[PDB]
Amino acid sequence: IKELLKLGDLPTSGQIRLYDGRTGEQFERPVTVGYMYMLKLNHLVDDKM
Amino acid sequence: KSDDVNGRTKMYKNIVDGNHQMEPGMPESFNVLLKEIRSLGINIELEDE
Amino acid sequence: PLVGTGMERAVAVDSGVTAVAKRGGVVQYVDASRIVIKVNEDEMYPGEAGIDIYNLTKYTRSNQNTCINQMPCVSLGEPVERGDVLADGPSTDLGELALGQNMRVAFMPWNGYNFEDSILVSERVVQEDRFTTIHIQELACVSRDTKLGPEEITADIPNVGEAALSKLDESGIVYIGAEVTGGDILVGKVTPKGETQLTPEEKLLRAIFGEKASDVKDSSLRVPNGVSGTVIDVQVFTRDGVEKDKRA
Amino acid sequence: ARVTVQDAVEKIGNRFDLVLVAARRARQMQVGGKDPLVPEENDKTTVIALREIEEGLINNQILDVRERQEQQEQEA
Amino acid sequence: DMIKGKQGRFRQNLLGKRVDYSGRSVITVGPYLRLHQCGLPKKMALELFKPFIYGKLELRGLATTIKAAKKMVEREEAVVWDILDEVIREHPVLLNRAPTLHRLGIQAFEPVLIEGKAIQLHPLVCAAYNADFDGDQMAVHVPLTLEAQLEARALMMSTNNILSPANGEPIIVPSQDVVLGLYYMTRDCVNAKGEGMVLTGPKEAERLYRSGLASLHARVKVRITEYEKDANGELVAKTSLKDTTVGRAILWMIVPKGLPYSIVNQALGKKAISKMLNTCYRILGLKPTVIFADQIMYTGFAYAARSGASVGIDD
Amino acid sequence: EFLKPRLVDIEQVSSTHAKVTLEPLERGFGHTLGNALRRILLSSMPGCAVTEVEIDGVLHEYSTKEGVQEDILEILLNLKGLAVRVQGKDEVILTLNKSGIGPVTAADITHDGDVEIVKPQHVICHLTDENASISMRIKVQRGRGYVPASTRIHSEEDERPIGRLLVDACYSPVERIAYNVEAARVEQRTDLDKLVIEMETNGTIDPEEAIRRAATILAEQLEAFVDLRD
Amino acid sequence: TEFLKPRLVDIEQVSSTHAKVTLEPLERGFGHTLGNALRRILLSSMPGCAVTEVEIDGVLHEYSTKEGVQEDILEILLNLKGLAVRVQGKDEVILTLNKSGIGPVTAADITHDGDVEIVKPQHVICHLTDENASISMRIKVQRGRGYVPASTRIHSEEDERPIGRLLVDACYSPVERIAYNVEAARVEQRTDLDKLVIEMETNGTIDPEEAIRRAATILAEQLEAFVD
RNA sequence: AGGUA
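Protein chains in written order, with the entry's author numbering: chain E, 1195 to 1243; chain A, 1294 to 1342; chain G, 698 to 945; chain H, 2 to 77; chain S, 329 to 643; chain P, 7 to 236; chain F, 6 to 233.
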């Protein structure tokens, strides 16, 4: 995984420091970002009311 | 709000009219219970003091 | 899915939701509803076997009231062979199983909006119209034969607004493709009204206004409140021996 | 809005008959016949009763004595 | 067989004694809400309070009959929305977890109208409900009569139930994210920007932190006025220098007057925060405790977000 | 007391990519200006977007015509990303008309004098039949922010024509904003930094006009702060 | 296009020190934009006057005891940071504090100049006990922008001075505290608006409303060149 | 019946 990240010109640790949107000030220490496969389950709030 | 049909109607009318108080009444479930117990060979009654 | 396990292709192909080419050849015709394949010479039966036609199931109600449609993932002139994915079914792209979506996520607390196991979601997600599902729900209006008189479907409904009449045809059925919301009338069902009991105040009011009780009561199928959407398909089933209507 | 009823509990230590007395006060407040004694912020009778009890204007005794005096002018 | 039932008699108590004027929906976090209030979606609020809407509409005379009010509310015109805000403003509503294990499973909150479809629940209260936001559904009940409204405000209210009925220690305790934020804010390093500085008031500490001239945690001497409940219940203002960290002073800004500074001049875990709330309640009372709990929730969330605490593959 | 930031070289590494520099900025102001401009650009940028589309052959979003390999919903989705600039009119109705096999792209739209297609290669659909013909009326209007077709449909009450299809309009022209404050070294004043704003936009809004509009919005907001009502 | 502007700004204040200003309605996110911008302007860079260098006629160290004074040098230096001084003349000016006798040495004991105005007439600076019962020094008060810690100042100062010039952190900015809270707000049926709550504690050198308005003036003054 | 806590 780290080798493939190096091929992508990305930090080896997999953590990138992110700048907040509200204040425009970066968080102390890097934060883990990445593309995760996320699923929308059949429990939609519209059906639940 | 559960089983007292007369109390439920009176509450709805009171809230629409802008008044907040209730008739304790008797839930219809309990009257069903009384009639169903009487359906057996068992007497059940409501006695005053 | 960016991070798969290799069973995505097998699951997508083996399930019936994917239109798979039974006999290889050259794609002769591509359409959102039809895919016509000119079979190869070495795969046709003796005589004229001709073409292979695949009709794509589109926007059909599943058992969970979710849309299932198949989109063509091939183009004209593409050479295909047996076992190839001609059309990608629901939650499937390029022959891979594609239930959800791959999204950029950051693991960090954010003003407590993601507190227990909660997710915080950017407006870009709804802007990209991703994770936007299509729910095809089913509604049934049955015109029955009651002892008060046979029910009928008609556009003219007593004591209703003209907006309701607007969306129906002369047959009392909403047009295919009309946008409806909760409470709108879809089928103009009416039931032969029986004997009517009137309170003294009702009798006084009918004496005043000159109105009298309607011989037929409204029984039209309204959209249940809380749901919206477009009428994409209308089915009419009239049993044999009963007169057909215009919409059928 | 009344976030806490602890100050009201201080005046009426039972914390249950507090509900009864403030409910009586608020019902006389909503049902016509009685006029407020504390300024409102477009609020219903409940927080009015809480504020009235909190400043000591209304408890069980004041409500009872007031219903007497009103009974005496209406009987006249 | 109709009499004999499980659990208990069916129609009477269970199953199940259904109730009117109730709703149900999925719950989400309410991190901006005050403790005594909860987010209630506009649609559920409208449907729940239809008789109230009719009553107020006929009171101000915008509808001449109940039927006209029904047409107005189903059209959902902007007129009925102000009526709805008025009826919600003071009316408390009961929030209920699907399983009810103890009396904290039902708590009153002031509903706040929100566009959307899920009930926003106060983060501090989810511990009492044993509710995690993973699809849990909660029900809302409307206490109709004035006696019931008052009864909910006095007893059902969350702020009235800050302590567990099984033990005196508070049940509304900062739990996970806010605890992490507090810990990161109070935990001290060995070297950081702005060590050895001398500060007066925690206000200079917050100024230095927000300006980036110092670090959130660094050993600093700060002059702070701690108040002690002494004599007969009178505040004793003692102003002196404490060796602490910037984050600790920033937190001390939040802490209401009357508590010893030693309570925050330490690494704060879950136990530390729970003990600190218990001490605050015992020393000050109810209202300072509720205000301090809400403020500590806000501070913990904010400084957890600013922390950027993340779990990687290397940690 | 202060020196004044001035619009300096605005380079275009790409048609959709713009790097705009602001050199004479006081230290401590770079992050403030950068964050403020980022917020304003992502939030309140006026832009042109498609709102309603009338396709002759179909009656709703969930149908398909002959000779097209993309569902009508897919055509609407592709049109959502269509990049267009209108100058004189706030609302325009473009006509798309093409028959014959081939990829129907954005350049095929009948272009008016006030309407510019900045992404002519943006494919709209594919016609896979010789006699298949597409005729569409695409309504493009001006707006800011994100207005989906579930809010103005409540303000229109089931729009009377059934042949028209409403799409969610993402009027935002800018897709990505970043700002870097770096030490701008210049002879006058020892403490100065420059703000480099790297912007990815759909080409509908020029970076110069973008920055000017963001500054105008920020100044209008600050106007309330300048004069306080007591 | 059509742009929304805040209506009916409300301000509730405590003395000339602690003001809460609520502003609504603000369009999506604008509450955070304005709050963060104002907070950075007020904190990082605001013109003001502050104490920079101090004398101690006794020990010329910044952490040793002072004879005749029941306060060590570090905390008497700290006392001067809280001293709110507004100078209306030349940028750098020297104030001589010379008073004998036991008791609290406060700001009233400092001589008043035509260019320097003492905001707080009673403010604890020192305490004098029996031993020498005399306190004496000269203090630099300088005009500057923002907050300049002493540890940073010596880094930015290569011109050396004889030992006795005790450097102190200067808070030129008049605000001790600035915070903004963004909360949901309602207008008509659109609920995406937000209230901006600016809670700010100032030193009294300037009224909080004046502080906010001049901060916004500085921001817009930075801006105009962008707008045409 | 399956699914959710």
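Keep in mind that the hints were calculated from the coordinates and are not lab data. It is possible that some hints are incorrect.
Unchecked claim - Cut-off 16 Å, straight-line C-alpha distance, at most; resulting in silico cross-link-like pairs (EDC-like, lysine to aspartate or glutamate):
#1 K395/S / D1310/A
#2 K1306/A / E405/S
#3 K10/F / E226/P
What the hints assert, rightly or not - Among the chain P residues that face chain F by a calculated CB cut under 8 Å, a handful are:
#4 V14
#5 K200
#6 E204
Claimed, not checked - Just so you have them, the derived chain A footprint on chain S, three or more residues with Cβ under 8 Å:
#7 386-398
#8 492-499
#9 539-546
#10 560-569
Every residue gets a Cβ at the ideal spot worked out from N, C-alpha and C, and that includes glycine.
We went through each hint and held it up to the structure:
Of the supplied pair hints, the one linking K395/S and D1310/A holds, its CA atoms being roughly 14 Å apart against a limit of 16 Å. Proximity of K1306/A to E405/S is assessed by CA-CA distance (about 24 Å); at most 16 Å being required, the pair is judged violated. Between the alpha carbons of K10/F and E226/P the distance comes to roughly 7 Å, so the proposed pair stays at or under 16 Å and holds. The interface hint given for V14/P is violated, since its Cβ lies 11 Å from the closest Cβ of chain F, which is over the 8 Å cut-off.
Residue-level restraint check for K200/P is violated (minimum Cβ-Cβ distance to chain F is 14 Å; threshold 8 Å). At a threshold of 8 Å, the smallest CB-CB gap from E204/P to chain F is about 17 Å, leaving the interface hint violated. Only when three residues or more bring their CB closer than 8 Å to a CB of chain A does the claim for the region 386-398 of chain S stand; here the count is 3, and the claim holds. Coverage of the region 492-499 of chain S by chain A is violated in this model, with 0 residues showing a Cβ closer than 8 Å to a Cβ of that chain against a need of three.
Coverage of a stretch by a chain is defined here by at least three residues with a beta carbon nearer than 8 Å to that chain's beta carbons; for the region 539-546 of chain S and chain A the count is 0, and the condition is violated. For the region 560-569 of chain S, the assignment as covered by chain A is violated, since 0 residues bring a beta-carbon within under 8 Å of that chain's beta-carbons and 3 are needed.
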